[PDB]
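K.L.:
Read off the chains here:
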Amino acid sequence: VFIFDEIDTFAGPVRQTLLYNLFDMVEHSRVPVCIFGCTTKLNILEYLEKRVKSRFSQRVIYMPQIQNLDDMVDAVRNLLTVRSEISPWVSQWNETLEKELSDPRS
Amino acid sequence: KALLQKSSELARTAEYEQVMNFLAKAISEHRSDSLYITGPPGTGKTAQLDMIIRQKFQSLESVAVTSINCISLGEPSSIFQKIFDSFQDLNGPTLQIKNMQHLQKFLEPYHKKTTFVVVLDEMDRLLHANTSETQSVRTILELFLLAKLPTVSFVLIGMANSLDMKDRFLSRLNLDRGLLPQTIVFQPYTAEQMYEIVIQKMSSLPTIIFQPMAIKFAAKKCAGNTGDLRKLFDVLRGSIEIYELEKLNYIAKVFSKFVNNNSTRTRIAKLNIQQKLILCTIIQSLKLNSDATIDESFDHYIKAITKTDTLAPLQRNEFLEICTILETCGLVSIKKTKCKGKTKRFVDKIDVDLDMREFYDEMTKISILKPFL
Amino acid sequence: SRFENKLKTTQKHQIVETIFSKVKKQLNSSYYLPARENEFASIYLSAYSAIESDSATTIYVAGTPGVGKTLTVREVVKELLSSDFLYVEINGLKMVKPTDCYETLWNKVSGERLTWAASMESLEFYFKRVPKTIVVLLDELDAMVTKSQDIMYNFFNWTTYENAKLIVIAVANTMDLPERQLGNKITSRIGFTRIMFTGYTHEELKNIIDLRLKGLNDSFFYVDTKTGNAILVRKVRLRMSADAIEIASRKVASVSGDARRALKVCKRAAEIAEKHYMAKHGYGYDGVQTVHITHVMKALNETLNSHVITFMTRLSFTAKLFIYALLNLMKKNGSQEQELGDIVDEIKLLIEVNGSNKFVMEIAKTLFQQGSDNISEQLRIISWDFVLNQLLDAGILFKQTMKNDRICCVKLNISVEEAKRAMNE
Amino acid sequence: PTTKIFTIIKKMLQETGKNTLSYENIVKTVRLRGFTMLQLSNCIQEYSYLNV
Ligand SMILES: Nc1ncnc2c1ncn2[C@@H]1O[C@H](COP(=O)(O)OP(=O)(O)OP(O)(O)=S)[C@@H](O)[C@H]1O
Ligand SMILES: Nc1ncnc2c1ncn2[C@@H]1O[C@H](COP(=O)(O)OP(=O)(O)OP(O)(O)=S)[C@@H](O)[C@H]1O
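Order-wise, the sequence lines are chains A, B, C and D. For the first sequence, position 8 (counting from the first letter as 1) is numbered 8 according to the working numbering, and the numbering increases by one without interruption. For the second sequence, position 53 (counting from the first letter as 1) is numbered 53 according to the working numbering, and the numbering increases by one without interruption. For the third sequence, position 416 (counting from the first letter as 1) is numbered 416 according to the working numbering, and the numbering increases by one without interruption. For the fourth sequence, position 5 (counting from the first letter as 1) is numbered 5 according to the working numbering, and the numbering increases by one without interruption.
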C-alpha cells in the first residue's frame, strides 16, 4: 500500500518521473499494489500531463464538508460523549453534555 | 525473391578528385594545402572525408594518421590525448594537452620522421559550444595556428554545418593564415553526382529493381529539399517492402499524412455541431490576443450562449473534454505557459492552426453559427 | 529476480472470488492484435531485413499515448527470440538524469559500471571497431531532448557507422519532434520512414474489448448462495450488454482514442455493479446477472463531472462572503485582478450598505468578535487569514507573494462566471 | 425527468443502433407517456454534446 501526502508537488512541470513509474506498476506488475494520493489542489487532473493521466485510473474521491449546521452539532455530540464505563461521574457527565447541546439558546 | 532485394539496401566519388589536389603534398610527405572543409547538412560530408582517409590509410612509408570525433568534450585537451593513442605509449598527459605551448613539445616524432596530420571531426559541437569570444573562438584560434618551423605540422581538417563561421574569424586570422583560405564547399548534389553513385552501388543488379526512369523521377522530385539520396533510397527501400508487403509511390503516401485538416478534414474533426460552435468560440476569444485560458474561452462561451440560445450552457468539465477532442486531431495545441505571481504558475494558453479564410467557407454552410459569427 | 522469493507469503485464507472478480482479472491491462495489425508488419518487415543482413537502421514511430506503441514493438522482438540480439528498454522517463542511459548500454554489453563519460568512449570504441546485432528501444523521447541536444546527436550518429551492430527504434510523443525541437542535422539522421499511428476507431474498440472477454462473455459460474463465491447453491451466468460496451467505444474513440481509457472506463463501470450487488445481499469479504447500460452512463460521466461548484456551496459563510465581494470589484473596475486591501475595504462596506436587518447584525456581531463584548473592534474580519489561506490551497484563488498585506494582487484561477453562478445558491 | 428518456433511446439503439439526425419514429414512443414535443426537442440538441 502506497501512502502519498501532497502528491501535487510531485506533479511539477519538468520531469514527473516518479509518478510515471508507480502508475505503470498498476499495469504490468504481478505484485498487487494500490496508490493513495492525498492533496488539496482541487483540479489535480489538469496538473498532470497526457502520458501520466493515461496511466491513471481516473478515480478520484472528494472529501465531504459539514454541509448543515446540524451536522457538526451531531458530530460534537459523538465527539464528547463517553460510552464506556470508567468513572462514577460518567452518567452525570453525559446528560450535562446533551442538555447544553439540546438547548438552542444555550 | 528476397535475396536479390536483401542485398538491395547496401575512386568512387567525384569529390575525392578534388581533395587529392588539396592533398597534393600528402604523397610527397610535404605540408599539403589549407583544409577547412564545410558543408550544408546531410550532404554526405561526414562520411565524405571518412571515405578519403580510409582510402588514404588503406593506400598508404610509415603509416600513422589519426582522426577523432569532437562530440563529448566541450574543452580542448583530450583531442591531443587521442593522437597519442596511435603511439601506444605512456607519458605525463595532463599538462601537455592543456596549454598552447604544451602542444608544441608533443610534435617531435620517434621512429622514422613521418609527418602527422590530425583530422578534427564534427568541429561545430565546439564552435556551437559555450560563449564565442571567451572560449570557443579562442579554441578555434589556437588550433588553426600553424607557425611551426619544421614541416611536421598539425594540419587541421575540420567540418561545420552552418556557414557563418568564416565571418566569425578575427581580421588577423582572415589575413591568409593557417587552414583558412580553401573554404571548400559541397553544394547538395541534385541528381547529377549522387544518383550515379547509386548506379555503381547497384553493382549486384537484380532483374526488376524497377523502371530506372522512375528512379530518375524519384531523384528529380526529391531534390527540392534533400541531401541524402541513399537515405532517400532508404525511403525507396521502405516502398520496395511495400511491394513485398502487398506480395515516389510512398512520398505520395506520406504527404497526405501531413496536409490533412484545414481544407477538407476540419469537419471530420467536428462531427459535433457544438464542436463547430466551440471552435468559433475560441477564435472570438482571440480578439483579446492574450493568454487564452480555458476559462476566458469559457467566459465568452457563456456570455454569448445567453444572448443566442442555440444550446444550453454546458459545464466547464464538459468544456475540458470537448477542447481535447479538438486537440488529438492536431488542430489546436495546448501549452502550460507562464504567469509569475507566486511561483512559476501554469495557466494554459492555446493556439489555432486555422485562418479566417479557411473558417468562413465552412460556416456559411451552417446558419446556426451565423448568429455567432 | 532475487527478492521475489521473499515477496511470497503463506497464509492465504480463501479469498472470495465473486462474480465480477474474474472480470477484473482479465480486465487487467496485461493479458496478434486487431487494430494495428498491418502496421505490425510494417515495423517487422522493416526490422526483419536489417536483422538478417547485419546492418544499422532507424525506425521512427509517433502517436498519442494509449495506441499500442509501447505494446506493439514488444510483440516484434518477442517472436524474434524464436529466430542474435540483446533487448533493452531504454526508457526516457525512467532515467533520473538524462546521461544515465549511457551507463545502461555499457552495462548491457559486458556487465561493467563506469560513468556516462567513460561509457560513451567505449561505446564509440565499440561502434566503429567490432568485426561482424543490438536492439534498443528509446522510449518517451520528450525526456532525453531537454538540455542541449548533445545526447540525441549521439544516438543517431552511432547508426551512421556501417560497422555498427545496432538497431535503434525510436518512439516519441509527436511526429513534429525532430522538426520543432531537434536540429536539421539530426533530422537528416532520423530518416523519412515516419510510421504514423493514429487513434483507434470505435468499431475496433469493440474488437479490443472482447479479446479480454474471450472465454468469459456470457459464460457460466458455479456459485454457493451463502458466500457469494463464484467458480468457473446455483449455477448462474453473467452477461455483458454489448450496446453499453458500444457507447463506451463511441466516446473514447471520439475524444482520445486511448486504449487504456477504453479498458479502464469498462473497469470502473464493472465495479459499480459490484457494490450494488454486494449492497443487496451482503456477501462481504472473506437469476441471471448482467451489467446494465446505466452503469457506463454514470462511470463515463464520472470522468467528467466536478465538485468545485458543490465545494463552493458547502464552504463557510465568510468564504462565500469573500467571493461575492471579489466579483463585485471585478464588475466595478473590470480589471479582473484586485488589490487585497480593497477587498478588506469592501467587506467592511458590504456590511452597512445592507440595512439594519438583525440577521446581518447577528452576522456583524459575529463577523468582528466571537461574541465577547469585552474584546472587540477588530479591523479585518475574523479568520481572514484563514479563509484566504483556505481559498489559496484549494486552487480556487491565487495570490502573488508580497510582504505588503495590502497591495499584493489577487487573481482568480477558475472561471469567474461559474463563481458567479455557484454564488446564486 | 431526463435520465429515463436516454434509455428508451438505448432501446432503439439496442434495436438498430442508429444515430439519425431528424426523427419520425423516435418521437412516436414519447407522446404516449406524458411529455410534450418541446422537451424532446431540447433533448436532441443537448445530447449532441454527448456525441451520440
Ligand atoms: N556522394 C556520396 N558518396 C558516397 N556516400 C554518400 C554520398 N552522399 C551520401 N552518402 C552516404 O549517405 C550518408 C548521408 O550523409 P549524412 O552523413 O547524413 O550527412 P553528413 O555526412 O553528416 O554531412 P553533414 O550532415 O554536413 S555532418 C553519408 O554519410 C554517406 O554514408
Ligand atoms: N491492440 C491492442 N490489443 C490488445 N491490448 C492492447 C492493444 N492496444 C493497447 N492494448 C493494451 O493497452 C495498453 C496501452 O499501452 P500502450 O498503448 O501500448 O502504451 P502507449 O500507447 O505507448 O502509451 P504510452 O506508453 O504512455 S506513449 C497496452 O499495454 C495493452 O495492455
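Do not take every clue at face value.
List of simulated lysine to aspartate or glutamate pairs, EDC-like, C-alpha gap at most 16 Å [claimed, not checked]:
(1) C:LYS24 <-> C:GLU274
(2) C:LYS411 <-> B:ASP164
(3) D:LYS18 <-> C:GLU203
(4) B:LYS335 <-> C:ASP176
(5) D:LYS18 <-> C:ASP342
(6) B:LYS335 <-> C:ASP142
Read the hints as simulated data drawn from the structure, not as lab findings.
K.L.:
Determine for every hint whether it applies to the structure shown.
P.N.:
Hint-by-hint comparison with the structure:
1. C:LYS24 <-> C:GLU274: Holds: C:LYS24 and C:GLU274 sit about 11 Å apart, inside 16 Å.
2. C:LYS411 <-> B:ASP164: violated (47 Å)
3. D:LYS18 <-> C:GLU203: Holds - the C-alpha atoms of C:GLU203 and D:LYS18 are around 14 Å apart, at most 16 Å.
4. B:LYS335 <-> C:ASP176: Measuring from Cα to Cα gives roughly 15 Å; hence the hint holds.
5. D:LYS18 <-> C:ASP342: Status violated; Cα separation ~58 Å.
6. B:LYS335 <-> C:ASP142: holds (14 Å)
This entry does not satisfy hints 2 and 5, going by the numbered hints stated previously.
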